Each structure stands twice: as C-alpha cells, then as structure tokens.
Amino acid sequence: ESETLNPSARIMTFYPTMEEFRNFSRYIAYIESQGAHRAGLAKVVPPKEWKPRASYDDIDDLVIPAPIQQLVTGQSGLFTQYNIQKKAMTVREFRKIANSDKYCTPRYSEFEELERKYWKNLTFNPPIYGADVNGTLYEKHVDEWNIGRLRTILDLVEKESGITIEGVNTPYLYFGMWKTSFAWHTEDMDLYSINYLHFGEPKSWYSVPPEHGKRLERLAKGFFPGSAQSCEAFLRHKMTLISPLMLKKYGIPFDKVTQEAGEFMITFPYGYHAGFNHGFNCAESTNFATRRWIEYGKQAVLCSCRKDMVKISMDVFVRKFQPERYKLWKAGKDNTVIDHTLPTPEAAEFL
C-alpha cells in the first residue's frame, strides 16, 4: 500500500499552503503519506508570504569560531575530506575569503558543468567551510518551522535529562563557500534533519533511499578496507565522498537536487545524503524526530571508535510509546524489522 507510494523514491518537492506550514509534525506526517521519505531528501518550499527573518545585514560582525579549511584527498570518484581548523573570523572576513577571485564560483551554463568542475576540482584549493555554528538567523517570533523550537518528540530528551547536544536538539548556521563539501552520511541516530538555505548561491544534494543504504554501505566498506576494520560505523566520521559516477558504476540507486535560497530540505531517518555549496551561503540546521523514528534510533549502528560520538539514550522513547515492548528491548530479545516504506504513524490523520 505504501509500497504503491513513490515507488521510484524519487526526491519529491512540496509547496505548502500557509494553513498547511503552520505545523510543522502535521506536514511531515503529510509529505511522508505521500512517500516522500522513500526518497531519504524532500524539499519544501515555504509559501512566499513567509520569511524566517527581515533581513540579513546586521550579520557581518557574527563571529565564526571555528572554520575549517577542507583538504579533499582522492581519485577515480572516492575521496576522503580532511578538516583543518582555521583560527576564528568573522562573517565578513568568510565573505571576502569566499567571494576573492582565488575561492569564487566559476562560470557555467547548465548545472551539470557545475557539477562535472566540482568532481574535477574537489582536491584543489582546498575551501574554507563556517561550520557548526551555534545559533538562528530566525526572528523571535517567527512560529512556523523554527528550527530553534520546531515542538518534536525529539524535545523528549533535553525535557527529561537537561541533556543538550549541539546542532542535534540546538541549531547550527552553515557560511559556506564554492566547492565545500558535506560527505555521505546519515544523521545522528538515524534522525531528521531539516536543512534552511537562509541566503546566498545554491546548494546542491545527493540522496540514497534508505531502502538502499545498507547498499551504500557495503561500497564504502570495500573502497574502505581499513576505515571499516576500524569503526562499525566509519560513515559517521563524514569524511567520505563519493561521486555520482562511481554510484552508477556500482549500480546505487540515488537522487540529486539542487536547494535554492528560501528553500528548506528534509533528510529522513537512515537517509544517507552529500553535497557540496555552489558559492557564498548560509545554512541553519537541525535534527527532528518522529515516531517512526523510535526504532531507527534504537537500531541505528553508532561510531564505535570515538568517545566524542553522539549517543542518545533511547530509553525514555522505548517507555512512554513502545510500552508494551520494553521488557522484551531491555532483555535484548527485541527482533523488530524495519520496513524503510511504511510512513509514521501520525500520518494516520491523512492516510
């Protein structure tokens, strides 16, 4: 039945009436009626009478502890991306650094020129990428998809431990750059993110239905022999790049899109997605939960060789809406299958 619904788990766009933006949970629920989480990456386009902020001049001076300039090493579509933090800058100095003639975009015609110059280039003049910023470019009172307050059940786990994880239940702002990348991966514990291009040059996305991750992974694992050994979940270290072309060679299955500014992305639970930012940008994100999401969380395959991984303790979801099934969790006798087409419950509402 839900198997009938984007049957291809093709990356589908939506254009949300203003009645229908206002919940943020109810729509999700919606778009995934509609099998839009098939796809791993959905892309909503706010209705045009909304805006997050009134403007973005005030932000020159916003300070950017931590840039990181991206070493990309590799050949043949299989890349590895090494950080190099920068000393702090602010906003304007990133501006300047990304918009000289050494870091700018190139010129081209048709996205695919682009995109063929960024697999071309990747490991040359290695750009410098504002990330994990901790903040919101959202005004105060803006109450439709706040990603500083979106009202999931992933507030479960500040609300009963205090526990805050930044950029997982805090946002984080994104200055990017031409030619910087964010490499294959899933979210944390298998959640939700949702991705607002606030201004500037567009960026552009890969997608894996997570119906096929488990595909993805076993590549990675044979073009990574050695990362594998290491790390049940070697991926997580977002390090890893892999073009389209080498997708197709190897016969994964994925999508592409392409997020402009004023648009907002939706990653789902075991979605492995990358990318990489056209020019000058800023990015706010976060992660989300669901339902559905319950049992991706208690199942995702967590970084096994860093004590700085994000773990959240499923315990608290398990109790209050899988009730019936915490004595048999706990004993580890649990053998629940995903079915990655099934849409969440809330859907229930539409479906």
The other form holds:
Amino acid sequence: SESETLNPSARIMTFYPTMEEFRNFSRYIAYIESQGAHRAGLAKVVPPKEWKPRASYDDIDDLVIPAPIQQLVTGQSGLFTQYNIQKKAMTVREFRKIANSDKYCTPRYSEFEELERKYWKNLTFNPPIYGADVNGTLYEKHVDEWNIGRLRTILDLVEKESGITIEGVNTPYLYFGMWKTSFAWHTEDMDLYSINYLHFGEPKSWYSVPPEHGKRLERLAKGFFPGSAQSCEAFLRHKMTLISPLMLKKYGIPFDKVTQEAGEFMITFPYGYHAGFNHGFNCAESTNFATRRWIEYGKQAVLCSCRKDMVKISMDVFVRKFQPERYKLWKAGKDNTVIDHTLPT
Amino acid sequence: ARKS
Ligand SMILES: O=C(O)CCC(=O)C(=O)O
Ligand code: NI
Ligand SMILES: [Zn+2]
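If the one shown is the form solved without its partner chain, what is the structure of the form deposited with its partner chain bound?
Expanding to the full complex; the earlier chain stays at the top.
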C-alpha cells in the first residue's frame, strides 16, 4: 500500500512552498497529504519569505479582547484539568503590559527543553490570562493567499446552504497569548482540519498524536478521568484536559512535538489530537476548514453529549454532493465505511 | 453554536 509507506513514523513534517505552490491552498493541502503529512495529525508550513499578510501590527493596541480568560490549572504527575475564569474586557495594550510584566513574563532558559520543563513544573502556579477566541482577522483585505478569513474550501457549503455562521469554525479567531497559556488536548469540532498562523511574538509549542493512535489517547484519558467519561461521550471536547509528554511516554502513546515561530502556519488534520502552550506574548489567528477526505470523519465524529451548545454540523449536504452512492445507505443507518487514516483523497 |  502506497499511502502506508509515506511518513511511516507519522512524524510531524515541515514544508517550505515556493510562492507558486503557495497560491493554491486546497492544492497545497492535497500535496502535503500526498507526502503523508496527515499521518502526524499536525504539519508546519513555512510560507515564502516574500509573503506577508499585513504591513505592520503597530495599529492594533486599541483592539478589544472582550472575554479574556484566566487559566486555573489543577493536578499533578503529568495530569491536569484546566478551569477557565473569564475576566473583564481589555485592550491589546492592557494585555501586552500584563504579558510582559515581572509577574507573567517568560522565565530565562537555555534550550527549549528547559522551557518545556519549566512549563510542566509551573503550570498550576501563577494563573496566566489568555486573550482567546477573539472574533477577527489581522490579514489585509487584498491578501489572496492562505487568507484564514476566506480559504474557499468545501467547509463553505455550511454557510452557503444554511446561512449558518459558527464563530471560530467558519470564521476566524485571534489568540493573544502570554507565557504559560495553554490549549488542552483536543481534536477540532466535527473532527475538521484547522489552520493556525502565528502573526507575531514568542513561539507556540505543539504536541500531536497521530490520528492512527487517537483512540489510544482516548482510552488512556477515559482511564485517567473515569468520572468525566461517564458524564460525556467525548469529554476531551471540553478542552480541559492537559497531559504531559512524560505521561504519554509512560503509557506508550506515540506523539511528536514542534515549535511554531512567528510567520509560520500549523495545519491540524481530521482526528489529529493536539495540545500546547505559548512561550510569551504572541498573537495567533485560526479557523477550521474541510476537504473531501474530511467527509467520512465528519460523518463518524463523536460529539459532546452533555452540553446543548457544542458544535454540530449537518453532514447531509456533504454526503449528498460528494457521496451520492452512499446517501440512502447512510440515511438508513447502514453505512459501515471504515476510515483508513493513511489514505489521501 | 461557537468554537470555544
Ligand atoms: O492557539 C490556540 O489557543 C488554540 C489553537 C488550536 O486549538 C488549534 O489550532 O487547533
Ligand atoms: Ni485545535
Ligand atoms: Zn460534554
């Protein structure tokens, strides 16, 4: 099998497109999948040096972060639950001051390995504030390449057919980080792809588990949190669960890590579990997207069952348009298709 | 409804 030979270790791959390769987003995503990048659950794409989404970020000090969250973390021994305390609205200027203040700034460190140890040692102390989930873009209007606010993928069929906007999913979110702000282990809503561009500032570090091993992570998590498992069918979707790399190693869960620098894109793939943290004051922009290969994942995504506010996209339009043979079978509950996580298209 |  040809797909199984490509990226056989399911390691996170990094790509450096030329400007010509970079122009067609859906085409380039298809290309990186032809190289087996999706097997990692995460890939880095470094755009051409001549490409820029914005002239300068010197005009954003007055941008409002309406719902900053203070991240209270509880736990020990590589297993943590993160609780989100919402604080009052603040401006980017008010946030950056806090971020760089003696109290909240990045500790001194030699190599990333040292900073990673400090993260895992200190994450339950000095709860940081994350300027997360801010509706908006920092891309200039004319930018046609990899524009997070208009990628033109088949995810556009949701709004097209129903008028439905789902904030952060088919619209962009901004994330202003400071040292030790975290994103818990999760896959995307409806097991979609995501794109994450780090506009400026200190790095954002990522952990990823191959989609091929996602079920093994779930089994571990359900074992570490039996109470949460009984309460909800997909408790990781609460995005509250933090698990250290040492804990993953101890239980033989394959994973990889990568550090995203300012100017770089991360792509997450359907059913690719990821988690991470910010190094210091930074700003990221992200949204979800889809490809034809997502459709089966969307059909089989296991959704949070204890909240009537979680994200649920109707699959009907995608199955009708892109799987006409199987529509009647699926509607009658008899579509037993098995996902091969290695395969492209 | 929205991503969080
Ligand atoms: O940057 C963040 O805070 C969240 C990033 C994320 O969840 C993703 O990119 O899928
Ligand atoms: Ni994500
Ligand atoms: Zn739930």
